[PDB]
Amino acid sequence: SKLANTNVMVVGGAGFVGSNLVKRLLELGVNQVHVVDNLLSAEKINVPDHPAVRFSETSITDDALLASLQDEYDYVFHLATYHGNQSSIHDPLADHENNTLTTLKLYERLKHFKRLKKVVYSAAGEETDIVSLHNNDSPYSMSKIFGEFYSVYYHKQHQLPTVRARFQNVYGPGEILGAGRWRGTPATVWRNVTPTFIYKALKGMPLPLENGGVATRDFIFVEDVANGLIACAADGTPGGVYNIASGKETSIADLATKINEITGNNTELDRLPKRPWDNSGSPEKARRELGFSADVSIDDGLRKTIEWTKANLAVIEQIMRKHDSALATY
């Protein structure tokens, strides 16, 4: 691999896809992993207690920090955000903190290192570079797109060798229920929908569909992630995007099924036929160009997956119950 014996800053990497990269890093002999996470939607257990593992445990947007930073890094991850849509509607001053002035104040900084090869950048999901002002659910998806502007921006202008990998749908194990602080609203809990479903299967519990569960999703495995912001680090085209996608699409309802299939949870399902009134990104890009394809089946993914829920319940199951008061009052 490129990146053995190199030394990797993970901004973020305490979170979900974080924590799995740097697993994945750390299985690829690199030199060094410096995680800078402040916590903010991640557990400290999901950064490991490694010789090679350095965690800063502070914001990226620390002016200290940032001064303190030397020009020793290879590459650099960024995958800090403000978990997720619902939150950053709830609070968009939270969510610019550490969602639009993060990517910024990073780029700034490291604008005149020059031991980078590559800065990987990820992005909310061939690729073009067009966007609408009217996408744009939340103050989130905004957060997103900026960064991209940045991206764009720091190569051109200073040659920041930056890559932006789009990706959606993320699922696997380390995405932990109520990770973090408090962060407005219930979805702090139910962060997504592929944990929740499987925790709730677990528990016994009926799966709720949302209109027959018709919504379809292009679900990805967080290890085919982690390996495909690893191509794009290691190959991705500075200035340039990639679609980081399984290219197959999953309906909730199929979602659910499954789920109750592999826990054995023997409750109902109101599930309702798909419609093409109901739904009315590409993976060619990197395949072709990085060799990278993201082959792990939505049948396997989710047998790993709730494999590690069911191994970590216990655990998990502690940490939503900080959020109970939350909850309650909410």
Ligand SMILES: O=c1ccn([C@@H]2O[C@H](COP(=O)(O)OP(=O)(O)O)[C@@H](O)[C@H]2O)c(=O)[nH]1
Second form
Number of protein chains: 2
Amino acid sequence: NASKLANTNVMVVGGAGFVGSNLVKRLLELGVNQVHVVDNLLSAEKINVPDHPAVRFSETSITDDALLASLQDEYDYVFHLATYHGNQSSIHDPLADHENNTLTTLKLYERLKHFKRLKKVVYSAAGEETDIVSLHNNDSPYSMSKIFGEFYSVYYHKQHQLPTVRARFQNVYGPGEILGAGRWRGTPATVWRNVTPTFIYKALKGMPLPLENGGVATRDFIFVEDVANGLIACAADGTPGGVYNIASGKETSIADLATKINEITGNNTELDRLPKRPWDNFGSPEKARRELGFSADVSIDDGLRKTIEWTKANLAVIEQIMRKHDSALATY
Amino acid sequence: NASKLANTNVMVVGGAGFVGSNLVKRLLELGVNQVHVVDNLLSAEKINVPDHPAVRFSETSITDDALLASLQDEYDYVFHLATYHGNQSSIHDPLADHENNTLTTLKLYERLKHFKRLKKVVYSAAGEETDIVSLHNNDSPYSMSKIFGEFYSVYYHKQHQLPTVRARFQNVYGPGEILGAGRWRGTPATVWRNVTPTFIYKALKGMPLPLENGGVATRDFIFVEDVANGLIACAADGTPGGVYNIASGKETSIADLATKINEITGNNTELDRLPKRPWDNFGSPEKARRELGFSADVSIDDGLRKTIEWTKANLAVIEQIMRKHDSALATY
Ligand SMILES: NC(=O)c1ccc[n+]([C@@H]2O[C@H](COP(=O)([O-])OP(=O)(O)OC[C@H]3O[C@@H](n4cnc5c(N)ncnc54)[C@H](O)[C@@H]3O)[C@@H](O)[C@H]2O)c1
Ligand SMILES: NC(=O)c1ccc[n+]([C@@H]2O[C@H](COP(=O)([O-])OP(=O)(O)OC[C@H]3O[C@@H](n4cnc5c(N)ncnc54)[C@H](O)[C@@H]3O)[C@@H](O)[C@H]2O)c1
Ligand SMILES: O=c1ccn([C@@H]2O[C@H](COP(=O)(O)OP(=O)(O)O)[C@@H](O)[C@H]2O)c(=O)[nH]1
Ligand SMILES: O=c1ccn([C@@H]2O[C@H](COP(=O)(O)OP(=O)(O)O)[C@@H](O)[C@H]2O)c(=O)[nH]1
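Can you give me the structure for the form deposited with the named molecule bound, which would complement the form deposited without the named molecule we have just seen?
Next comes the full complex, and the chain you just saw is listed first.
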């Protein structure tokens, strides 16, 4: 990254969220002058937004015309992390997705296009790096919104010199991701938002972890603190118009993820495991390493321990948050 | 195409426009039961929408929630031709483009997704056929909106079986395209909307045609009546989820276009021409021929004659329409 960020003014759109909150904490620790958090708490909890003399919090949508018109050219860096969480919610309501996942990026970039203090605008794009995409195998409106944000990022850079850097990451896990965070977004995935926190929660309650299909599917998990540092490196040193995978380069099967969670938590229950076959089943981190000196080196073992310790410490709070969706969960 | 369209109920979004109006006239002549024209007249004139017992006209945006909620499952075919006209206007105001070029397709498809009477939804996509696209060399928000409409067309077909067919065409010319049609959209291109009507207008006024760079650039022009028939063929016989170039397969240089316009009109003024060089400079029509039996066979010579005859007959009306933008044109 850098202390290029020291004493700077930063906006984090979506900064009350999982990746966002973690980014905000890291920015504060790097000595930034200001974080302007813009977040509508659609998929977040206000407890993730510090009450801090340096942290200004606008509890508004980044699509709000008044808010946009009120923005001043007083930012060195903008991190655009807002999204409509996530695939399942977006399928359920593509219009809610569009408002909070496509229009967000367009109206934000439209406001920022003539700002001159901006050094970098870092857009969380989802998951060497190529800039060719298929109309097919976009499984959700969410996936289309994310890709549309990359189209916008490239356009605004070429047309208006908006200094955009697209940061592609996926399968982020760690402290600050709260099952049930924010409003009901249509489906049980509002609760059960990703495999890692679902597994950690269930394991801490001594419950059998539900392995789907023997858990043969693999993912390149990345610890959230590495993602924060990756985003910061993109800001500091990322080439305007450019794109970087922020990735661990290491794949872990869901069976193995489950196994590790159970052993750390001491959850002594059965795992419906199966051997991975060739027909059962990722981005290279080399560009970010070479160009930004960035490496995501937190192992799945270290990362799971830190996540579990945080979950344990905050279990009551998380449980109380989850419970707000009990009646919608029963209706589904 | 077919008389598969005989006695059917059809909606034409954007049906007061250039391609739209021509499509509506051809539908009426093929004996359709109903055309529901939905058009906000943003880049169109109401004189292009017939007052007809069979033609219902909603002078509303297709994004209007009330209108969308009011739509009944009473359509056999939908043609989605609305756009924010065009590249230049979209650069000027990407937000106006988005509203009338991206959100249009999404909210339309969202309403139509559970309609069961629908045989085909034909989307005008702009310009064998591949479904791979680059984030680069999208010159405008318009170009991004058009591509986003293809993402949506593919998604809605795969997810909801919406029977979409993407019709890719460009450089359409002919009767019904009126210089200055609709509202001021920010730039002189509101008047001077395309090279062909600009040239025909100027030539009829005995003015030198402004050839840019000796006119070496070439385009595959297509007569609007061939485009209408191409759209109808897509509706009748196009494969759901699929895409077709609707194209002439013949390239004409702007110098040659200018030359032909001058000779038909008898405009006896100079042309700043240059020889085309290899470094100075299109979609195949074969898929549509093979699969739909569709061929765009109107030559540039025949098409220009028909267009010029229409322009001549309607010159006063067109001039009066153009004049509404005099004060915005002077301000630009
Ligand atoms: N977590 C992952 O593995 C993952 C993977 C790939 C990409 N991403 C991307 O990373 C970014 C952050 O995701 P996250 O996991 O922190 O999820 P998240 O839901 O916790 O964070 C998104 C934040 O955006 C906010 N938001 C939603 N609509 C808004 C609007 N209109 N205006 C302002 N804020 C709004 C939410 O309230 C939330 O705080 C997103 O862009 C996402 O697409 C995440
Ligand atoms: N003319 C060409 O060479 C060309 C080339 C490639 C693609 N296309 C595509 O063909 C289609 C028709 O283009 P055209 O040349 O007839 O231009 P056009 O401007 O004449 O027609 C577009 C129509 O859409 C209407 N419209 C705009 N916003 C609307 C909204 N929100 N709701 C309903 N209607 C709305 C306009 O009022 C207009 O009648 C468009 O999709 C365009 O992108 C045209
Ligand atoms: O309760 C769960 C939740 C998910 N998974 C698996 O964990 C993986 C999660 O993948 P990812 O987070 O990348 O998103 P997804 O692929 O599901 O869209 C998938 O293989 C799921 O089958 C599981 O076994 N049990
Ligand atoms: O008054 C004009 C208008 C345009 N043109 C040329 O005609 C072509 C029009 O191209 P097209 O319609 O496909 O759209 P464009 O390429 O301009 O975006 C371009 O080469 C222009 O330089 C011209 O010579 N004189």
